[PDB]
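Okay, so here's the structure we're looking at.
The complex appears here minus one protein chain, its other protein chains still in place.
Note that the chains are named A, B, C, D and E in the order they appear, and that numbering of residues resets to 1 at the start of each chain.
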Amino acid sequence: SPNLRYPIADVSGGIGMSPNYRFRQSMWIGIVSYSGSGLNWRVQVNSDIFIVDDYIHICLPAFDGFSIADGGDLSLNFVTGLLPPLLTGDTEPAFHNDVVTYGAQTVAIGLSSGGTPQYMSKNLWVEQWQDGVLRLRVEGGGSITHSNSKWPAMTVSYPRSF
Amino acid sequence: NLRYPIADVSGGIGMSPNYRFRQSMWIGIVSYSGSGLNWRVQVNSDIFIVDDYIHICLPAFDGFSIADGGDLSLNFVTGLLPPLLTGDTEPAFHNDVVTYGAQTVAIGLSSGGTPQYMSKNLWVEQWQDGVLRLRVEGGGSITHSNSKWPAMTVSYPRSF
Amino acid sequence: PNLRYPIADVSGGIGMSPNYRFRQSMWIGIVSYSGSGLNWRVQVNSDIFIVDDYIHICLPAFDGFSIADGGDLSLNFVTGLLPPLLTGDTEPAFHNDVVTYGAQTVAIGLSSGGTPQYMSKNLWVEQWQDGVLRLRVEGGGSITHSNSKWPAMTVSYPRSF
Amino acid sequence: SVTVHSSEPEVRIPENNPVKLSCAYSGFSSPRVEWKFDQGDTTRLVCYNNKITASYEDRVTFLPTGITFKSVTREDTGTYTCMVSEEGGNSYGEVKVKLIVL
Amino acid sequence: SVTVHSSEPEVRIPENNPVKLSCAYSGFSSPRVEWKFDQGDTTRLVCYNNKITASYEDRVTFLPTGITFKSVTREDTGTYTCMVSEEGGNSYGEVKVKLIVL
Partner (left out) sequence: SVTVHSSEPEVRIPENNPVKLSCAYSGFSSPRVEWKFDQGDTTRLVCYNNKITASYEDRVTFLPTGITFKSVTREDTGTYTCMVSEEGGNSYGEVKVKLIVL
């Protein structure tokens, strides 16, 4: 219909709601990069991506990493890895690129020096999205010395830009 | 000429309240399994459908031994209160296998004793034939015979 | 006119009101712990996002005192909201019934001045009454302490309309 | 309201024959149909959201007027309940069909 | 564009008498009215969503033109703020009324 503005559209004749608005599934195969207190490293990962209504969910699978500081930044590089038709712009938050503390949650990470892992309860949240790069702050939970870190599957969400 | 969720709201074209908020309940069986360990528990949980999401508010409950890697299954084939249908708990991504809603959840493990809490990873793994299966793994383990679970709310895009 | 919100007029055509999709605000109020005789409050600054039929309250991390095994954390929305927000806008879709919505795990550091030891506790939206949201915070386990460090937590739930 | 009944509230068909359980409904615009098999004290999902489940997909097809089997066995003797809910759950219908495999 | 003002911006009534604080608004279609009592530093909720709160339900009735008390006491002397927001929050009005129980 000509007089209808998305997400409102024509469904089975009647004025309805665009299914693409309700559920849109995709994927990202990019690079997650940790950083903070001089510690740097990256990992290639395969995560599903769901867009439900005005939210966007990034289902990060569990992955392994190296040393991590008490306070650090985990950055998903959306400039690449997204599946056509998805655009890096589509990963932009409704609050654009302001700095926030959205979706703050607790997440346990196993830290080891090769042998047996000791799990730390750390705080993580969506901090800021800039130029296709989503940066999550990951801090707290105290720390111990280690060389390896095991991360859990985490799903990150936030209002999506329109 | 209106297709849900778009409907008539007090004469004008509005949004169906049933789409915005729909509250229900499930009194069914949650069943753990993995590494030969098996057990089930009857539970009473609230169910909220907000927009295109569905939330299952599982209350806290006690259980038995659990393996490092396991599956927790909610049987929605029964326990839903009318007019809810088991088919109303189907994810938007139908029955594909996912890692949606991955979250950290602490479980107390004891041998009858003084519970020692483990931070485990849990997520919506797959929904098949009215049975929602959540994967529950990680966090290391110890020997135990009893397990105390926290109240957990499980969410995911709902099928339409 | 012939359109009832959240359905509205978007650039000539029938669309969806952006205020329904994204509405951002802030709360500068008092969070108060309580339970087992332990009482204390803290002034805090949190962002508030309303996306669709949900409302998110992004509580920043804060410091507190002793806490019981089972307790209630209450956000007083009667004040602290920034216009044009009303305390009534913070009312859940399930009004003031008692629930166990948004149950999640949250780690809190407990110390006696020195080094903090973190407890994995269970928290959820329990009930909203007269502009005061009360979250239940229990489990973990615990131990002696005089100070408590809380993480940034985002609390969400269906919003009343 | 809406109407949801059955013409054949009780079927009796010899083993290894095809059979259709008819659920005729009217009064819905965006309905979701669902069938549940019931043999004694174990409930199984046959069809949900106008879509047959996996455990049955290979020998049971769906239709807005009922599900039909490629072939039946005594294993399937029981009370099949067909439920038809509208969108929003304000319209609800339901009827039971009893299958007896001779 | 919307208007929210008061005719009696300052009431003065003897103890144990009924009184109505009037908040007359115009320009709204789906408005949500809310009153807040203010005694120096303590703020208390009186009415929210065109509905009186619990702590007041037994002696304060609501009306699109203002809330009225069955009977007042000096306990209630203060600055009552009435706020009227539209649906969506694009239209917002507000006016304060000062009560002095003599």
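Following the convention adopted for this analysis, a contact is a pair of C-beta atoms (placed from the backbone, for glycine too) under 8 Å apart; a residue touches a chain by one contact, two chains touch by 3 or more.
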Among A:90, A:127 or A:139, the residue in touch with the chain that has been omitted: A:90
Touching the absent chain when the full complex is considered, from A:16, A:72, A:117 or A:132: A:132
Residue touching the undisplayed chain, where the options are A:37, A:40, A:44 or A:80: A:80
Missing-chain contacts mapped onto subunit A: 5-6, 9, 18, 20-21, 24, 79-80, 84-90, 92, 97, 130-132, 161
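Everything that follows uses one rule, which is that only the chains that are shown with their structure count from here on.
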Centre-of-Cα separation between subunit D and subunit A, whole angstrom: 43
Subunit D and subunit E, separation of their C-alpha mean positions in angstrom: 58
Multi-chain contact residues (two or more partners), subunit A: 8, 15, 53, 105-106, 108, 121
Two or more partner chains touched - positions in subunit D: none
